[PDB]
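This document starts with one chain, in the form deposited without the ligand, laid out as structure tokens.
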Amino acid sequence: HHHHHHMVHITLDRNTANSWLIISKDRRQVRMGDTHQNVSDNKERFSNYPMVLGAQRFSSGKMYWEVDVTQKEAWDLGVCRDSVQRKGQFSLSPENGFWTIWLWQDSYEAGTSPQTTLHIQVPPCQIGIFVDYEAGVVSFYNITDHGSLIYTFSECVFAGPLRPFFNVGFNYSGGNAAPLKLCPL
């Protein structure tokens, strides 16, 4: 792909983070803590899952960023509406305002309803995410495999401003402690 020139500098929004997440000083890395991180509760924080939003809001244009997922067993990545539900149980689906892929139990899937199997021969260490607001497109790329396409959501109905979306996953296994990192341009 040739989307690299739409690169945007994404930072994480502490106020949206689940209370167990640890966001780095530069707001470019996040990992699951082993305990509550001593923050107050608020209506923005994801309560049920280890999720956080980027600070940036997009309502037009073309945007590209990359995320490092090295040595994680489980994660969700993509974009979501600014107005997604924060509290309680929900599924990641376009009907609920999410355009995401994930890793879980050694398989990769797109967050359609129901979920779609992905075909990845080279497990990615970094994921590229491209959003074309006007076209209604969200695409995912395997940076480890020379930028190969993973999945395209098309005919997207964003229905509001979009925010970068992240889930570091639980760490019940002791094998999923590694961070998500926003990679440099």
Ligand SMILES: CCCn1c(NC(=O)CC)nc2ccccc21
Given for the second form:
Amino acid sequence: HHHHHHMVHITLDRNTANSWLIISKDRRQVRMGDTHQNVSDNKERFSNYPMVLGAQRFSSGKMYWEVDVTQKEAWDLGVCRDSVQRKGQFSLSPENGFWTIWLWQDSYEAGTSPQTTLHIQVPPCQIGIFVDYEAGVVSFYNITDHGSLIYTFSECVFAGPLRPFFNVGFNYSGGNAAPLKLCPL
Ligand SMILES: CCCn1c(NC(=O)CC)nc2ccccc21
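Could the form deposited with the ligand bound be given as well, to go with the form deposited without the ligand?
Next comes the full complex, this chain leading.
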């Protein structure tokens, strides 16, 4: 792809994080701790899942960033509306304000409703995410496989400001402790 010149510097918003997440000093990495991280509760925190938002809000333009997913077994990545539900159970879908892909149980899927099987020959270690606000597009790229396309959401109805979205996944297996990391420009 040729989206690299739209690169934006994303940082994580501590205030939105589930209470078990640990965000690095530079706000560029996040991992799920094995206990509550001793923060107060607030209406912004995702309560039921190990999720966090980027601090940046996008309402126009073209934006690109990259995320390192090395040695993880489960994660979700993409964008979401600023006003998505934080508390209780919900599905990741465009109806609920999410444009995401995931890894789960050795398969990759897009967060449509119902979910869509992805076709990935080279398991990615870094994911590129491109948003074209005006066009209504969210695309995902396999940086490990020379930038090959993973998935495009088109005809998106964002209906609000967008925020970068992350889920580090649970670590029931003991094989999913590694962080998500925002890769340097
Ligand atoms: C993994 C054990 C701790 N735990 C549970 N346990 C439950 O399943 C209670 C409904 N939910 C969490 C949601 C976010 C972070 C930690 C959570």
